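Shown here: the complex without one of its protein chains, the others still in place.
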Amino acid sequence: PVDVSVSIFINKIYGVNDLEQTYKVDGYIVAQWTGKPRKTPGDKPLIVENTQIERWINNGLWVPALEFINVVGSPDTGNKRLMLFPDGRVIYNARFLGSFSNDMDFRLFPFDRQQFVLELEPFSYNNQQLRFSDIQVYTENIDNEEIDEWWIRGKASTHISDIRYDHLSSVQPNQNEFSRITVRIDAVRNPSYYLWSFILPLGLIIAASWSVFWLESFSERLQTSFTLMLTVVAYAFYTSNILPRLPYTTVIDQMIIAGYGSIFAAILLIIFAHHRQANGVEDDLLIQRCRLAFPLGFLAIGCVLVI
Amino acid sequence: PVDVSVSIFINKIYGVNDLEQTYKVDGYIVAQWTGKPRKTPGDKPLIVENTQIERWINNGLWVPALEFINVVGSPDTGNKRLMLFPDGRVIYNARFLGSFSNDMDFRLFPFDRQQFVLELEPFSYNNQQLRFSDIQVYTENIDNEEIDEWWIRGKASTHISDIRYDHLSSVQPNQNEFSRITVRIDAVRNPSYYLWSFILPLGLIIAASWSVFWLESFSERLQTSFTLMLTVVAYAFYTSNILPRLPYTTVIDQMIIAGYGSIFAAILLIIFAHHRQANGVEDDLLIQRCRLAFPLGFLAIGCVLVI
Amino acid sequence: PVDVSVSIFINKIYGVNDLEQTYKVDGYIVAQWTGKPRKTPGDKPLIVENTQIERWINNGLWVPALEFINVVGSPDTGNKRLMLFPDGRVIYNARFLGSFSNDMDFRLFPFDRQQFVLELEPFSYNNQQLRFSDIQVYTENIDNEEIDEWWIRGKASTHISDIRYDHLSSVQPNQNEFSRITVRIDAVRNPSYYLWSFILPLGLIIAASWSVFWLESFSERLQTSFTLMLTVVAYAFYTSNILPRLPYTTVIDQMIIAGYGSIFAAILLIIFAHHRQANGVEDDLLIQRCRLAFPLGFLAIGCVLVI
Amino acid sequence: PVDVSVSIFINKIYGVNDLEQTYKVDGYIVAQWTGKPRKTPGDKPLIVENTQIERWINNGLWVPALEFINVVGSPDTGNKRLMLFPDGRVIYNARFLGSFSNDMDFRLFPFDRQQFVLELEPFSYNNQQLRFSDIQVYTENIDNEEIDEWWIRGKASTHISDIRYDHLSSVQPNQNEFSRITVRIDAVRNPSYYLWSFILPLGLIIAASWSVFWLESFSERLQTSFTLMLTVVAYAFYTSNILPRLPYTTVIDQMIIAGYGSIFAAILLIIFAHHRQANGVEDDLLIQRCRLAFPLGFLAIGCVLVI
Partner (left out) sequence: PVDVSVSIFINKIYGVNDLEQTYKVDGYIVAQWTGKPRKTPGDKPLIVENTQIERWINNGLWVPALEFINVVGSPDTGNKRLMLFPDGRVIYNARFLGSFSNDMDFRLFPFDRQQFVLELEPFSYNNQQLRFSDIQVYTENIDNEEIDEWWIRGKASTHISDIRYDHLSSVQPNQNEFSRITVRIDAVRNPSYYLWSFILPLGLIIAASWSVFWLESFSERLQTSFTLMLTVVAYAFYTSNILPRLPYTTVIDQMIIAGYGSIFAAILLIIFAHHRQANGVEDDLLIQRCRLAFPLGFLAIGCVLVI
């Protein structure tokens, strides 16, 4: 079994696609192993670049293909090079930009946190072993973080493991285990923007809707709710267009649904206070009570949301 | 007739395009057959990868082209390999990402269910037979389902069949039958998100639209309807922007049309009650009767929609 | 002049682009002609696939290049094969997906009808003749039509013709005429969705805008129109976002312009009735007359639109 | 210096990108020159297509590379051919679809006019001269123009010129002038659609915004302006979504600003008339005077816009 030392340099992780749970990874991949020694020009290690690489493979050079398991589509490899050492060492280095897949839970959207993972595996050989994996995720940790959309927490975690493929041929008596390198990078989304421009005005609108009970007439109370109703419909739009599309509801969405209910419940209480008492009494002890209680009932439901 | 065994590993099904009735399929495809035996290095099976494969084809190796019938454009093939066994067996294994077509009816959008199908066929040979197809659609069934957008119902259904092409040449006496593999995976859309954030407020708005009869004056009844009319127009927008575009009306759209109809009929009844009775009588027994009947008439019409 | 027989299988025509007047065509293309006889393996017709095809061309095989004249960008050819017959016949067969251009008039948008055309022509040879064209547009005609967006009317029409190129070199004495195959498929757009979800509510709003005259006060009449005015501005949006972008006005767009005019003319009549009569008379014989006449005047102008 | 005759056939100019000032050009490019005579099959001119072309270049055939100077990215070349004459003439013919760049001023958007230009230049040779350029822009001039988005004014203008590159090597004593072909096609945008569906209703709303002065009360005057204000805010949206994005303001945009100014100035005048006269006189000679003057003040400012 050949010992392969790999190294993955991660320049930038960007372009998170929430609809498809993908993310782009630009960087380099390096792999080193030692083979049969070789006659080189003079005796320094030889450099073979791009199109010249396959010429050496046509003459018999063994270069194994390592596949990104969780990739989404063939990645774009930039320049690639072979470094042929006289003592037998061989170093493959290639620039790449690829889109990778992983299960991503966005339910607590403004305050959510995700991990971007890479999974590397030889495509055809199980009799070949990844000896050690070193990643260099040397993007900043204390340079730009509050300004950046994502907060990288710690240095990336590595784990070389063995995957057992059961469904295989009938000619391998026992060789159905492959070497898989798994890189994981944890990050927390910066909620600063979504708080100020989305969660804050959504709070401002929800609160001001309770000011309908400070209207004196009943006609003023019920008609105003429908203009407030329209405003909630409009603010759900301003969010949904900018906010990413999802198959599920976020925290902000729960806030929006709470809006529709607070206004509809206000419409109920406003109409309830009118026709609850006999002979047309307006139950003014309700309008003034819920004038402050209706603000309080919403705050109590919000904490059981975090139950 | 050559016996060809295929195996299709499905990693992820995503990216449903409702406008064009298409869907993306990422995974692997493996094909094995036995030909004339071959001298290999030593005698272990030889592995030939990517660019090296066509070198063997140029020297005479027969590798048939298998085409996805219902594909939409040439698929993106990642790494590909040939496993040449000394006894004559040949194993082709390749990663692919492709977009596939099938007839998809989205009319009952929030609660719809579809089946994603693959159709595989040799491009040039009918004297060559697909012997058995094993698919490994080992995406989850009981891990994330309520969280995931689609619910896979059962393991994929397979069907090897024979397609008769009539319009052909004049030189084939009887050989116009080709082997087609047809895989089918049934899935149900998770309506959770579309219910809470779209159907519920649409119900809240449609329901609250009936509270126009609880206003006392006629001027209040007719003018408020125009503000409610605007809200339904706005809510049709909020839906149409996020919801996928379709050549037909969905359930939600019928609800929207029911919204427009519920409001317009109220305007008729509101104007009807004013000028229906002689000498300016306001038919107060109608406003109060339809005060509860108008909510019920909508609920009664909704059940005949499910007729 | 070499005799070449072509056949075009059309699997699916989709993806109509109204801004650029283009549409996608997926299917197969087959071409057969007879050349000098040939020594084949044994004596069965030889099948040459994809990358192996150009190998035969390098050794002298004559395979003319056929170009889609009205294509928009080089088409995506999937698998391609050569079937080499011993008697001299040669069969080229290839799967293709291409984008094609044609003049498309969308002015009567919901109810418009178009025809998708293909134009095939040899790229370099006039001393070589297309003998007959048979198309197999065996997409359904009576399976899904009310559910499908477009209605195919009849079997596709074919026409091989001759195009005269004047601007050419100075060395051709008379050879400036090339063989062009022209296929045409006529189709009518299904307006069901645009009627129910777009044309129907647009009528409801236009009609209900006339109910402003059933308001008793003049202040009620003029102020409500501005809320109705805003509604028409909003509904032009809901259409324009979903509806395709065009360089000209459609039927629906003409409907919207009538909306702005119906509301603006009402504002004029509402203000006219106020200040037309001496000493502040409100010309009540106008408000009630146009109470039904304003609905009728719109219906009368609509028929002269179809003049 | 070799004499090269070019000819450019333009099938369709489409896909104007206003954000990046680019446009797509589908058509053909032909080039002819005479070299050393040549032995051809029999003695007819030989035709070499696509993949076969580079075979002749590897054997020594001189085929210079002509670059589109103002191209945006490598263009999509379809089929390509070489016509080799026995007397030495060589004819290269190729289909292409490319995106081209030019400086475009969109400030007068609905009524603007542009010119589409191509610039062709040899990539490596200055000792080789483009002898004459003939373009065949045989797209219609009197077929579809009012229906088409753009109006081609005249036949394309041509200009072969010499471009002096100063910053070059130190080994060329004087050879730093290259032959550039410059083709120009003038076109005027058809404003029909943008007039009816955008400029017309924008006038209707701006005009109808002035109808606030025919309201009797002061409370009616001030509150309605805010609904008109929202309507202008809404109509600015309807335009901006459909209208192209630009780094500068168009004519329609100037109309919108005049709208906000017409409404904001109205809001100022409405509050001014209330509190301008001592002891609460309502300055009724202002409301009626600007009832007609405010439409005129807007019309007076509009002509100085075309100053």
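List of remarks:
By written order: A, B, C and D. Residues from 1 in each chain.
The rule is short, and it goes like this: a contact is a pair of C-beta atoms (placed from the backbone, for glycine too) under 8 Å apart; a residue touches a chain by one contact, two chains touch by 3 or more.
When the whole complex is considered, the residue among A:3, A:43, A:105 or A:148 that touches the unshown chain is A:148. Contact with the chain not shown here comes from a single listed residue; of A:1, A:37, A:88 or A:201, that residue is A:201. From the set A:129, A:136 or A:254, the residue in touch with the chain omitted from the display is A:136, counting the whole complex. Touch with the chain that is not drawn comes from one residue among A:38, A:81, A:180 or A:184, which is A:81. Which of A:3, A:177, A:220 or A:284 touches the hidden chain is settled by the complete complex: it is A:220. Looking at A:127, A:141 or A:241, the residue that reaches the missing chain in the full complex is A:241. Seen across the whole complex, the unshown chain contacts subunit A at 7, 12, 14-15, 26, 32, 45, 47, 49-52, 55, 76-79, 81, 83, 85, 89, 91, 95, 97, 134, 136, 144, 147-149, 190, 192-193, 196-197, 200-201, 204-205, 207-208, 211, 214-217, 220, 223-224, 227-228, 230-231, 234-235, 237-238, 241-242.
The chain not displayed touches subunit D at residues 19-21, 54, 57-58, 64-65, 67, 71-74, 101, 103, 105, 107, 123-125, 167, 169, 171, 219, 222-223, 226-227, 229-230, 233-234, 236-237, 240-241, 245-249, 253, 256-257, 260-261, 264, 267, 271, 274.
Here is the rule we use: only the chains that are shown with their structure count from here on.
Subunit B is reached from subunit A by a rotation of 70°, derived from superposing Cα atoms (nearest 5). We define each chain's centre as the mean of its Cα atoms; on that basis subunit A and subunit C are separated by 39 Å. The distance from the centre of subunit B to the centre of subunit C, with each centre set as the mean of the Cα atoms, comes to 24 Å. If each chain is drawn as a node and touching chains are joined, the picture is a simple open line.
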